[PDB]
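There is one chain below, alone, in structure tokens, taken in the form solved without this ligand.
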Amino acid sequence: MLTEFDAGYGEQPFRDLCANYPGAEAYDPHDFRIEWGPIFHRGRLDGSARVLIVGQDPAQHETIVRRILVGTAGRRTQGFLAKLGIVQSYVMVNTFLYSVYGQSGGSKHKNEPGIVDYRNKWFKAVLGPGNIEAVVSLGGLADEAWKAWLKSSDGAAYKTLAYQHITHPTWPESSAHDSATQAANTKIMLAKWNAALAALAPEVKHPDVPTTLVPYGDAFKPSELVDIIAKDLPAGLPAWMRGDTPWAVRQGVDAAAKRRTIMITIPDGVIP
């Protein structure tokens, strides 16, 4: 009758990190959705993580769950991990604590010290135990964040750590509206994702499940879209929040109203 949960941030160094987080002094309040509060991570903070995922920024689903990569990109990222035999032993951190507001380029502030220094504190904490055997970045700003970590004194010890940059999971859908272009761009993505898997598989020596690598084809198969596990979510969150159906969107009559609002709709079938 047991349901697992992520108890979160009671242990040091994470407790102090969560109590002293950067606000408007580091993250521009127009260019970042700092209004929703920071979302810190997803996964293992007990030292059992074997793979580190560096993502870009949280969206509206993360804003309700209070953990990162729990939307469509997370489920695609989960399936990527499953092919390495990694089912629960991961930890995930984002480039930015808050959502980027606008396709106006999120690089504007990519080198702000308040942002970079705090993030590096999180890198140090999760890498500290020395149990991470591989690191994967999602998209370009993620790649630059990891490289900026490596140029720091504490990061220089990790230039040797197995690392792969892959294309951000929702790139096909952000690149185009048309279905035909989306599928072609998906095919391109999965080819690149397969190359990362080939480089990473020999390097993931401690899988949760010993698994022989099955490369992606041209499109995502449903088995390659894996729900976020119960162990990653705060106590008491319902199972549909870690299901396969979208359930949160931003909505408003104009830009200002849309920015102020999140809509949650429980998937059909949960309520009898």
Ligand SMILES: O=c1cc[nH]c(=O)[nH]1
Second form
Number of protein chains: 2
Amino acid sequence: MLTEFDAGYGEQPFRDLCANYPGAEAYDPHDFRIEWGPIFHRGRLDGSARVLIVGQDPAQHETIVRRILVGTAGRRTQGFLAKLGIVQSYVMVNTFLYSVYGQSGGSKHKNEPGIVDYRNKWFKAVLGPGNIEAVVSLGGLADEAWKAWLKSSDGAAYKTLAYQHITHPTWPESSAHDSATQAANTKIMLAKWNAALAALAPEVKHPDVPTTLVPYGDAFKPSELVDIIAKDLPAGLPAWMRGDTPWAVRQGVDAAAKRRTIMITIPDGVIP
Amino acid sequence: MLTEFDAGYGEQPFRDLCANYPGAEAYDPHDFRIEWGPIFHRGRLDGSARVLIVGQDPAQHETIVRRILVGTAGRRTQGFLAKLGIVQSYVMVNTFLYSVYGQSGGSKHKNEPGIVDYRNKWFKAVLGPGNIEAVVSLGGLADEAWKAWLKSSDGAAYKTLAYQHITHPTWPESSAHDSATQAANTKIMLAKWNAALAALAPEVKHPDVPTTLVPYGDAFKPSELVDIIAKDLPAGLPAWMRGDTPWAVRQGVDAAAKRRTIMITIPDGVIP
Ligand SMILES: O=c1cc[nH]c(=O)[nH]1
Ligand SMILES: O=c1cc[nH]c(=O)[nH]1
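Would you mind giving the form deposited with this ligand bound, to go alongside the form solved without this ligand above?
Next comes the full complex, and the chain you just saw is listed first.
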């Protein structure tokens, strides 16, 4: 009928934010992939947001879509929020603007003023209206990011919020090699996720659709992997860039080659 | 004082346009690369527009920047407009939303009833404010596109509008293989261009900068290759995305793979 899209960052305070973002003076160019520029958010900036997701750092798919959480992690997160009856009314700022280069990480820089101060201005901007009913952090650094926000002047008012530390969507796969232990560490992730949902269900009193909580099983049921909605992607992008199939990856013979190149690859079935 | 960027298409009437665009029902999926989405424009949509550029079709350098004419062609067009003394005050629009898949030139469909009307839907919108001081078409289908606009109801008001059809900026390289023949067709494009500049310059009464008209020589002065300005690119996009060096190309072993894939590689010098 009509196809929805995220107009982007026209309205203040987001215009100045996207107009005045930090570079090498804050993010170390070797430890952070600043070469790809910053990806700022995913979701609503009009106030209709009820849940805030605090993620960790972008990847190759985010680098093309220019929105965060549009890969596997985001697709698992979508379903997580889908269980809360939340289908679009969300906001998702990543901790770090740029991706960590290695597991060396931003954790070497998690308390750097350049990173924290800027991130907090975004926190303040999305929470200002005060329509956020819950907060869900993805992983450890997201947690300390949310905590570091709360110990600040502007953050103190949000200590009563419904924050919830969550394990990082892809811990299973980055923690493990065999697929047995990965599934084993998937079962433990879903368990902790269920705990968080049980904790958050009562506090989200404005869902997009009223839905009674259906807990995760031992593994990811496909119904619980929801494609990113069109309203999240900028004008024109194709629906294969928000689908169930991977379409972006870094390529190179050595670590240097991989850092400079990305390959976009359209899934089979789009072209006749 | 910092970097700029294109908010996107959030103010009407452009958002509804970007929300209701034509797809396979208008652009033939075999002849057009509908697979990458439509790219809508480049430049100003706030009324500051002075020149309308009607280009032909997007390329790889337009599938990423999401803006049209951001490669060699755009950089030549950029240099062209600099001579009219306008450095930002422009609007750029293509004949086709999607790129042509082949050498034919997507002419077989140059008269569709879904392709043409939409292009005109944009024309009416960009001309609506009535501050457009000049029109420049790039190549044959660009030329025929402007004429097709003029033969319509809403277009009738613009037959008096200063218009110059010029050779498509990449005519030299798409014609021949030898450096010499490309070198031979060097002033044949400029000289023909100089006339259009001579013809429009007096009618471009509101430039961004008072500028002395300098006709083209026989070849492209490096100064006549102007990098695309930041305000044209969406928020966050790295400045290597709009530099003097190419950074995107199609790759594959057969024709099918090549249509599905795109390699982006960052130029040397971005990463220390
Ligand atoms: O943006 C992203 C992408 C993957 N994982 C995250 O935590 N954030
Ligand atoms: O946008 C573009 C890019 C290349 N050539 C064109 O005609 N238009």
